[PDB]
Amino acid sequence: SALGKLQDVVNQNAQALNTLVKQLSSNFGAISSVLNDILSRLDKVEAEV
Amino acid sequence: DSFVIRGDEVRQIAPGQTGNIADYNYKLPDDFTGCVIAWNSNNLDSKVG
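Going line by line, the protein sequences match chains C and A. All you need for PDB author numbering is the position in the first sequence, starting with 1, plus 942. All you need for PDB author numbering is the position in the second sequence, starting with 1, plus 397.
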């Protein structure tokens with residue numbers, strides 16, 4: 943535990959990138975989070991929305 | 398731009414549509430600035446037989 947002041951700086955920067963990547967799975971209220979899925983389900987004007 | 402069409406297919410005369418009229422007869426651009434005006438012409442354009 944004594945060296946943990948450097949280890950926490952490593953941990954926060956790993957957690958920050960994992961949070962940034964996990965947010966690719968979110969819909970944000972869209973029909974899907976997968977971009978090719980949106981473009982397969984819907985025609986151009988609705989897919990753009 | 399002027400033509401006769403079937404009353405059902407008038408919906409294809411709009412930006413970002415797909416179908417036999419949209420893709421094989423008359424295609425509007427997605428960023429269209431304009432007005433689409435239609436009227437029924439059964440008294441002019443139909444024939445007995």
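There may be inaccurate statements among the hints.
[What the hints assert, rightly or not] Capping the alpha-carbon separation at 16 Å, the derived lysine to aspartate or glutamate pairs in EDC-like fashion look like this:
{"no.": "1", "chain 1": "C", "residue 1": "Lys986", "chain 2": "A", "residue 2": "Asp427"}
{"no.": "2", "chain 1": "A", "residue 1": "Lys424", "chain 2": "A", "residue 2": "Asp398"}
{"no.": "3", "chain 1": "A", "residue 1": "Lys424", "chain 2": "A", "residue 2": "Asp442"}
{"no.": "4", "chain 1": "A", "residue 1": "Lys424", "chain 2": "C", "residue 2": "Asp979"}
{"no.": "5", "chain 1": "C", "residue 1": "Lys986", "chain 2": "A", "residue 2": "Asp420"}
[Claimed, not checked] Quick list of the computed label-pair ranges, beta carbon to beta carbon:
{"no.": "6", "chain 1": "C", "residue 1": "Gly971", "chain 2": "A", "residue 2": "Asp398", "range": "48 to 54 Å"}
{"no.": "7", "chain 1": "A", "residue 1": "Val445", "chain 2": "C", "residue 2": "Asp985", "range": "22 to 28 Å"}
{"no.": "8", "chain 1": "A", "residue 1": "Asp428", "chain 2": "C", "residue 2": "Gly971", "range": "31 to 37 Å"}
{"no.": "9", "chain 1": "A", "residue 1": "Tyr421", "chain 2": "C", "residue 2": "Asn955", "range": "54 to 60 Å"}
[Stated by the list, open to error] So these bits of chain A aren't anywhere near chain C, every CB distance computed over 12 Å:
{"no.": "10", "residue": "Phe400"}
{"no.": "11", "residue": "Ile402"}
{"no.": "12", "residue": "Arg403"}
{"no.": "13", "residue": "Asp405"}
{"no.": "14", "residue": "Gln414"}
{"no.": "15", "residue": "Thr415"}
{"no.": "16", "residue": "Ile418"}
{"no.": "17", "residue": "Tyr421"}
{"no.": "18", "residue": "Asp427"}
{"no.": "19", "residue": "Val433"}
{"no.": "20", "residue": "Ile434"}
{"no.": "21", "residue": "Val445"}
Calculated directly from the structure, the hints in this document are not laboratory data. A virtual CB, placed ideally from N, CA and C, is assigned to each residue, including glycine.
Was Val445/A rightly flagged as not at the interface, with every chain C Cβ beyond 12 Å?
Since the minimum Cβ distance to chain C is about 39 Å, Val445/A lies beyond 12 Å and the statement holds.
Holds or violated: 31 to 37 Å for the Cβ distance of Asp428/A and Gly971/C?
Since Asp428/A and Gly971/C have Cβ atoms about 25 Å apart, the given range 31 to 37 Å is violated.
When you check the alpha-carbon spacing of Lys424/A and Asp398/A, does it fall within 16 Å?
holds, 12 Å
Given as non-interface: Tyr421/A, which should sit over 12 Å from chain C by C-beta:
Given a closest Cβ separation of 16 Å, the condition holds.
Verdict on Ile434/A as a residue remote from chain C, using beta-carbon distances over 12 Å:
At about 20 Å from chain C, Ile434/A clears the 12 Å cut-off, so the statement holds.
Please verify that the nearest CB of chain C lies beyond 12 Å from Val433/A's CB.
Fine: 15 Å to the nearest Cβ keeps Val433/A off the interface.
Beyond 12 Å from chain C, beta-carbon-wise, is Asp405/A?
At roughly 17 Å from the nearest Cβ of chain C, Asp405/A sits farther out than 12 Å, so the non-interface label holds.
Is the distance from the Cβ of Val445/A to the Cβ of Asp985/C consistent with 22 to 28 Å?
With Cβ atoms ~39 Å apart, the hint is violated.
Report holds if the minimum CB distance from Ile402/A to chain C is greater than 12 Å, and violated otherwise.
holds, 20 Å
Are all beta-carbon distances from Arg403/A to chain C longer than 12 Å?
Holds, because the least Cβ-Cβ distance between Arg403/A and chain C comes to about 20 Å, which exceeds 12 Å.
Can you let me know if the beta-carbon spacing of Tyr421/A and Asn955/C is within 54 to 60 Å?
For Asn955/C against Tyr421/A, whose Cβ atoms are near 55 Å apart, the range 54 to 60 Å holds.
Test the statement that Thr415/A is away from the interface with chain C: the closest C-beta pair must be farther apart than 12 Å.
Given that some Cβ of chain C is not farther than 12 Å from that of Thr415/A, nearest at about 6 Å, it is violated.
Hint compliance for this structure: hints 3, 4, 6, 7, 8, 14, 15 and 18 are not met, and every other hint is.
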